[PDB]
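**Q** Single-letter residue listing:
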Amino acid sequence: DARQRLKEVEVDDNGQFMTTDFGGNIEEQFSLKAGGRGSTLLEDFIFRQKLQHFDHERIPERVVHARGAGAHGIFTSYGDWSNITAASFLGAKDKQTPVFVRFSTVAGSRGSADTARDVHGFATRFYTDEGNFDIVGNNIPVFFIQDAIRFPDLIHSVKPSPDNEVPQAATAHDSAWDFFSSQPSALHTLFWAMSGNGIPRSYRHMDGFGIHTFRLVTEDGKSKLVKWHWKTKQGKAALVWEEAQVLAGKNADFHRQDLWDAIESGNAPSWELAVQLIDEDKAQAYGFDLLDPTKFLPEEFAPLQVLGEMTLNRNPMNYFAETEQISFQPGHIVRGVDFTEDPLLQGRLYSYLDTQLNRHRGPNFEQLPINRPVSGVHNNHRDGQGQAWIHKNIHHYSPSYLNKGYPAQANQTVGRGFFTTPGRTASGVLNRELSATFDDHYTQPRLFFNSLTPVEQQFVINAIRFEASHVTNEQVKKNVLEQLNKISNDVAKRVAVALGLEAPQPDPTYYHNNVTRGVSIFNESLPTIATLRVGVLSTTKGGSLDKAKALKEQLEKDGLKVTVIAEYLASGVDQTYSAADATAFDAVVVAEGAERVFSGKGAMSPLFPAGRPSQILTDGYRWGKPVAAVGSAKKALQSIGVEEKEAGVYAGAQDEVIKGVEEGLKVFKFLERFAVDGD
Amino acid sequence: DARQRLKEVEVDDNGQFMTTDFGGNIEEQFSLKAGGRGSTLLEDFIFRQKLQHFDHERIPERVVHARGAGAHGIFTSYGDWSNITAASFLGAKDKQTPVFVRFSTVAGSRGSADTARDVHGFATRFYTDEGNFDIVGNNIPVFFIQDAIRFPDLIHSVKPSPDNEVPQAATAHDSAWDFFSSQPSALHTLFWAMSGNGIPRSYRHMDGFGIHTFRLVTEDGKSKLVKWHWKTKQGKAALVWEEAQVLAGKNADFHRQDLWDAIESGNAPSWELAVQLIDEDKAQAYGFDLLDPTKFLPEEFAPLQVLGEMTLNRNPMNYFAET
Amino acid sequence: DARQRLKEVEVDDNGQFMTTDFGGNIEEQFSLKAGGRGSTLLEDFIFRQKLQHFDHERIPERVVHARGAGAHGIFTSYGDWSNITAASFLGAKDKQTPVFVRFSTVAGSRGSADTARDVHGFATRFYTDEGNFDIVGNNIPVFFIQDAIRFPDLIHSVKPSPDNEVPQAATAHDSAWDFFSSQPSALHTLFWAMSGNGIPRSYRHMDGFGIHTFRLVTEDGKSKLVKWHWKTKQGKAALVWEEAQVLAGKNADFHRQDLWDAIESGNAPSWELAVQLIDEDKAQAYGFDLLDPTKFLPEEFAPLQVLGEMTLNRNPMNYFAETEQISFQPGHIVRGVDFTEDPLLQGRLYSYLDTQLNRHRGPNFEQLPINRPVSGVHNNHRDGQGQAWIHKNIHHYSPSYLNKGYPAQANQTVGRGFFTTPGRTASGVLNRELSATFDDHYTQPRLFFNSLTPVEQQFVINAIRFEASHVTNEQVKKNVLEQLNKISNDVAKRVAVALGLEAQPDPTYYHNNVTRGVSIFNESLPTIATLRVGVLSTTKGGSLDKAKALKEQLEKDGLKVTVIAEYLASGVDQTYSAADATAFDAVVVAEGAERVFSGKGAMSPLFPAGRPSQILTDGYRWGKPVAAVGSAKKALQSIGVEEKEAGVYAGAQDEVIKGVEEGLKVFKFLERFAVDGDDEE
Ligand code: HEM
Ligand code: HEM
Ligand code: HEM
Ligand SMILES: [O]
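Chains as they are written, first to last, in PDB author numbering: chain C, 38 to 716; chain B, 38 to 360; chain A, 38 to 540, 542 to 719.
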């Protein structure tokens with residue numbers, strides 16, 4: 038149980054009498070009044086203690102990544118990695134460390150939809166026996182900007198316009214694309230966010246990245262440069278944009294509910310922790326500067342080396358107390374890890390400590406149960422708002438004869454203390470500059486686009502076409518085109534058509550044809566289909582529901598979550614047509630006999646919106662899902678112009694449809710149904 | 038200009054050099070570093086004052102009605118209403134008073150969709166020459182509960198489940214319908230929320246209500262019981278649910294944008310402020326108790342009297358500072 | 038151990054390496070620098086997490102009573118008092134309840150002197166098994182004002198002038214006496230604050246009062262009006278003003294050190310809890326309205342009935358986490374107690390809950406270890422800043438099918454819930470007035486003055502004389518005279534002399551009635567344990583050996599003895615440079631030490647000129663028992679004190695010890711203070 042240490046703060050109210058927050062049993066369903074129909078009395082202490090706590094329930098949302106959700110789990114080290122790091126949680130084979138992970142979007146506020154297009158947070162806390170260690174990462178290996186002093190500019194430009202606070206959770210407006218084109222460093226992360234990484238199927242189907250180069254340091258101070266990677270054991274999977282848009286309205290909680298259900302049903306998601314390791318003398322060996330967070334290291338130059346596996350298997354008990362209150366910091370570092378002179382990382386260390394003072398309005402937020410380390414806290418800090426401990430040592434200072442030297446200093450040689458890498462040097466003038474080594478903003482965007490499949494590439498261009506079409510200012514649109522033309526002339530040409538703008542002339546300076554592995558989503562089928570969702574469209578008339586139940590029980594044997602849909606909640610029905618939408622499922626199959634709700638009288642009913650069964654099948658087909666029909670239900674496929682000939686379309690008897698749908702879920706998205714420019 | 042008094046706090050940055058918050062011109066696109074590829078210095082005061090302000094930008098959202106938008110306008114009285122109220126802003130024909138109005142949903146958080154099904158808030162401030170007078174109303178004339186001590190119970194039950202914070206901005210989950218069925222007073226507002234009032238076409242196409250019976254008092258202390266009504270001059274209009282759902286994803290800002298567009302286009306929306314007036318000795322004469330906020334007074338028993346008109350004709354300049 | 042429940046939050050750093058607040062061993066004595074003499078690096082996470090916690094150490098002081106100190110203890114009931122109250126902590130003989138008590142002044146900020154002249158706070162929390170019950174009282178039984186809405190006006194007027202923030206911790210300025218004269222209800226508390234109650238010898242030598250009439254209610258709902266009293270088992274004792282003033286400079290921590298020392302030495306102070314009980318139908322039957330907080334109920338009309346005893350026997354471990362952070366509320370009420378329509382108490386209920394939001398900057402302050410009840414919290418409250426728990430019940434609302442009805446409602450008959458007194462009614466028009474029964478502002482101030490001894494009365498007149506002479510505005514001073522004249526023409530006449538104003543009788547409220555239990559100096563102390571004796575000695579000759587034997591015998595009687603000399607020779611507790619008469623309750627010159635009172639021994643680089651003579655002079659002039667052993671008689675002579683004066687003891691060691699211990703019971707010798715008319719020719 039990853040949540041074991043949280044047991045002692047849990048409050049059980051079963052069988053208990055209602056109390057105030059200072060004890061004493063009460064009733065609190067009636068205000069105290071002066072006469073039968075009289076005014077409420079100030080002396081009603083019960084009312085005011087209850088309402089005061091309600092009145093003050095909210096705390097400020099995170100300044101970025103406000104929308105998110107998380108879970109507890111366990112990290113297991115695969116080996117004794119003392120040859121590369123002194124870090125205790127990586128110090129022995131099969132060593133286990135509790136974790137908590139919070140996934141998120143970036144731009145939207147607390148209540149915005151999970152399926153907005155956005156970068157995604159992927160933040161992990163290791164509660165190691167030598168302190169909390171956070172990898173505060175994203176699902177994309179590069180960031181928009183090269184210096185942390187520019188983060189407010191990026192965020193302001195992406196978040197809603199400050200006059201009317203429009204639009205919510207979206208980069209599709211003038212200020213964002215004005216920034217993207219005025220600060221060309223942003224073009225790499227933008228391309229990733231315009232790819233499938235911007236609309237992932239779930240948190241469980243994301244890879245994760247620390248982005249920055251850090252340092253791993255051994256006991257003797259020798260260091261290696263390192264990139265952190267999380268490799269999902271579920272495989273990477275993405276939606277298509279037209280599907281994410283509807284899903285945002287039909288279920289804004291799609292991702293947080295997906296993670297909750299996977300854990301609750303015993304299908305805990307897993308990620309392997311992997312590293313790229315680079316010697317210090319190769320920091321600038323690979324065509325870019327590893328201090329530059331707008332570049333990633335191609336795995337051709339440094340393969341991913343697996344160090345262990347993380348499994349998330351415990352949901353929180355109270356979302357606010359745990360998920361909302363947890364306070365991540367890249368400065369949560371432990372012995373055996375160090376920073377690098379990455380100018381974006383450098384400013385993060387300041388920003389995350391400082392921002393907790395706003396979100397928690399006090400300096401004692403690390404005493405909150407979800408923030409507490411398991412290893413013990415011994416220092417001379419005292420007081421502060423909400424001080425929750427009582428310190429014995431009255432000589433709260435160092436050095437001191439009266440406390441006998443305790444708490445005592447720890448460094449590299451004694452007490453397993455943290456230490457900065459011994460060899461790191463400073464040299465040169467104090468400057469407000471960036472190294473000329475950072476100046477290439479176009480090569481790696483071109484490399485990323487090169488390494489996607491043709492329809493994957495078309496998804497990127499259609500995202501850009503959609504987004505830039507919302508930009509009202511003509512010059513900004515031409516600025517965007519001028520910058521895309523430096524990445525690829527064909528990309529600029531294809532986007533220019535949607536904007537009604539001329540195809541610009543080639544600017545070949547940064548063009549190249551190289552490819553790299555591990556960045557594509559749609560070029561690989563899923564390693565498992567467990568937890569994927571099948572909507573079975575049925576009907577309460579005839580014998581369709583009995584067949585739908587048999588279909589359901591077989592699909593569940595493969596670990597799928599199957600929803601039987603009909604006009605009303607008859608026996609065996611999981612959802613009504615009125616509440617159903619194709620966005621909820623990874624495959625749609627029509628049960629035999631249910632073709633009666635796709636035309637005529639069965640399609641016109643007061644119990645669901647007109648055309649709803651046909652709309653679900655149409656949606657599922659057009660969004661690239663496996664779609665199927667059993668027996669006579671093939672007529673439902675005919676009614677929407679779909680043929681069994683097609684990839685990802687299955688008809689025939691039950692066992693044939695089951696095998697086909699299950700194969701199709703491995704493919705997940707059938708890109709044959711998406712037109713490519715000049716195909 | 039309804040916003041006339043706010044111009045002295047307006048700050049124009051066109052044509053100026055970047056400064057810190059304590060003055061002095063600066064550049065702030067590069068951190069100070071110790072060497073060409075070096076670490077950032079703690080003595081970069083420019084960096085820290087810039088990032089500290091960004092780090093501290095957010096304030097807690099409203100505990101309810103967190104999702105909303107507003108605008109400025111003018112209220113004009115149609116008459117000298119001194120025979121029923123001493124209220125200064127109603128004391129003369131054609132008297133004008135600045136207003137600000139915020140419209141909202143109730144359950145959803147700051148970034149939830151405008152076209153969620155919900156009660157809608159309709160909060161009006163009159164900046165009168167005798168103090169601020171707020172009518173903090175909804176687009177539905179009745180409320181769920183009969184005693185304010187039960188508000189945390191109602192709100193907890195409708196807002197997302199506290200274990201996983203699901204579902205956003207929605208009554209369609211177990212705890213809400215548990216409460217509606219366990220606290221039967223809730224059924225009136227429920228029915229209103231399940232009608233077109235729950236999914237309006239826009240803020241301009243809603244009516245508004247103070248809900249509670251209040252009192253109008255004259256100079257010499259004579260009182261009448263009063264119900265406040267806002268009657269939209271744009272007409273009431275609503276969507277259908279299957280459309281509001283898609284709209285929640287296609288444009289979460291639909292109502293926000295619609296209000297902004299109408300004002301900027303010169304199509305300012307208006308409402309008439311109207312009252313039902315009841316003698317004190319009739320507080321219990323109409324088949325219910327006028328102190329009970331789960332009931333409305335049918336207009337057959339007391340028709341509306343029109344006091345004046347409000348027009349919303351100026352959008353805010355900074356959403357945060359104003360709305 | 039009354040602190041037992043707090044042991045789970047205590048942190049032991051002995052034998053440990055230094056860490057950050059998120060774990061990980063560290064060193065934090067050098068900033069991380071870019072080169073040997075380089076600038077400090079922003080990536081020094083150790084520096085910033087260290088200094089951030091330092092930079093955010095302070096919280097707002099209390100808006101009033103900012104200055105004070107407290108301790109843990111035990112309350113023991115003397116009986117089963119369910120015949121008068123359903124309160125659990127009073128439900129069985131020898132039933133014990135943990136307490137915390139904080140004493141305080143009122144006007145001064147956090148770092149002002151203990152021995153300022155002021156009303157004093159006396160706040161007790163009972164951690165009962167049916168919730169926290171607080172009695173938030175003062176060492177004076179009456180308050181300045183009759184309606185809580187006037188509290189900011191009173192407090193603004195006695196706190197420093199808002200232009201220069203002058204004066205600190207004092208009523209002796211224009212605005213305060215402008216308010217006392219403009220709002221005559223304040224005159225009663227003013228007289229108490231001008232008496233010994235304003236300058237008590239220690240927290241342990243104060244009585245305590247709930248002030249308000251409350252209600253005790255039995256299980257069946259029958260009620261009685263009640264006044265709470267704390268009666269100190271150490272006796273009431275007070276300083277004189279000219280001594281309190283010097284003490285404010287020589288030791289601003291005099292009272293909090295007193296309490297800490299008494300508890301550490303095993304002399305835990307005690308108070309008895311006593312009540313006055315009044316029938317509901319007699320609320321207005323004793324010459325005033327018992328809803329009026331400017332009145333007290335004379336003990337001749339209703340005697341004190343002891344319910345139990347409280348003993349304070351454990352100091353805090355961390356002052357900030359316990360004493361500074363504790364949040365008292367008169368709304369901290371339990372089953373068996375109820376409020377009254379006293380308009381001052383009424384507004385207090387709102388104000389103490391509200392002010393916690395400012396001091397603790399969040400609504401979860403009852404989760405702080407010092408504020409937590411011992412009885413258990415079960416409700417549907419959630420979230421809030423700094424939420425320290427993780428609630429299991431996901432159906433956080435009532436009523437509810439899904440949560441099976443839990444947590445469940447408790448009332449009078451089910452679950453031992455709180456209930457308002459059943460017979461209480463409201464009748465009449467909603468009003469912004471006060472009952473005309475509150476109108477008399479002068480009778481009880483006169484009753485209080487009438488009940489003090491002649492020198493005690495002179496202390497009151499001399500305090501007013503001192504204070505009003507600071508008022509620059511002439512009309513304010515005359516306004517003060519006119520109001521004083523309504524209490525007593527003689528009092529007004531004697532104050533007028535100091536102010537140079539003219540002395542006519544206004545007899546509407548004059549009377550000669552007296553009542554018991556309001557004087558301090560008319561009764562000697564029941565014990566001299568913990569009282570302090572300064573033994574003045576010297577390092578030359580045999581004086582020190584004699585002073586040690588003197589100290590030994592005095593300590594056998596429970597006295598705290600300080601032997602003083604030129605330097606810290608063996609057996610010396612304090613140097614003359616560091617000593618002052620304010621620190622002691624009696625001053626004894628050891629034999630041989632007369633050499634430091636004149637000639638060569640009195641002029642030394644090791645202490646200020648004349649310091650031993652000044653300590654003895656201060657001690658005598660301030661009414662203390664003073665003594666000299668053997669030849670040290672000459673020291674008394676050098677300051678003009680005669681051996682046979684009251685409270686002056688000369689002779690051999692044995693008679694001096696006996697005389698000093700007897701004089702400590704008297705405590706202050708009031709024949710040394712002139713009374714108006716004494717100097718007449
Ligand atoms: C490689 C670049 C970055 C990555 C991978 C990243 C990732 C993240 C993630 C995952 C979170 C959400 C943590 C959670 O779930 O609670 C977050 C929040 C935050 N980020 Fe970043 N971020 C980056 C850049 C920056 C920069 C440059 C700044 C400012 C200099 C910044 C300031 C913040 C702040 C203030 C928060 C809110 C933290 C809180 O309120 O607890 N981020 N970031
Ligand atoms: C007739 C019944 C009610 C109506 C018409 C109503 C209306 C509103 C409206 C329109 C707002 C948002 C105003 C804005 O745009 O900022 C609001 C917010 C709020 N309401 Fe109500 N409400 C009702 C019942 C209650 C009750 C019973 C309580 C608690 C006792 C309550 C507590 C609050 C609070 C605390 C806020 C947050 C206000 C702020 O943060 O500024 N409401 N209400
Ligand atoms: C009989 C009248 C009163 C008595 C006996 C009394 C007593 C006390 C005491 C002893 C304290 C300090 C408790 C501690 O040591 O922490 C205190 C604080 C305080 N008092 Fe009163 N007081 C009275 C009148 C009032 C009134 C009328 C108000 C306002 C309506 C008021 C407002 C406050 C506030 C706001 C605090 C600060 C509490 C905190 O910060 O925790 N008091 N009072
Ligand atoms: O971030």
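FYI, nobody ran anything at the bench for these hints, they're computed from the structure. Some hints here could point you the wrong way.
[Unchecked claim] Pair by pair, the computed Cβ-Cβ distance ranges are: (1) 438(C) to 696(A): 40 to 50 angstroms; (2) 129(A) to 320(B): 18 to 28 angstroms; (3) 319(B) to 337(A): 32 to 42 angstroms; (4) 608(C) to 214(B): 52 to 62 angstroms; (5) 322(B) to 509(C): 55 to 65 angstroms; (6) 72(A) to 303(C): 52 to 62 angstroms; (7) 680(C) to 426(A): 53 to 63 angstroms; (8) 319(B) to 578(C): 40 to 50 angstroms; (9) 398(A) to 80(B): 28 to 38 angstroms; (10) 80(B) to 474(C): 46 to 56 angstroms.
Heads up, the beta-carbon is just placed ideally off N, CA and C, and yes, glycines get one too.
**Q** Of all the hints numbered above, which does this structure not satisfy? Sort the numbers upward.
**A** 2, 3, 4, 8 and 10
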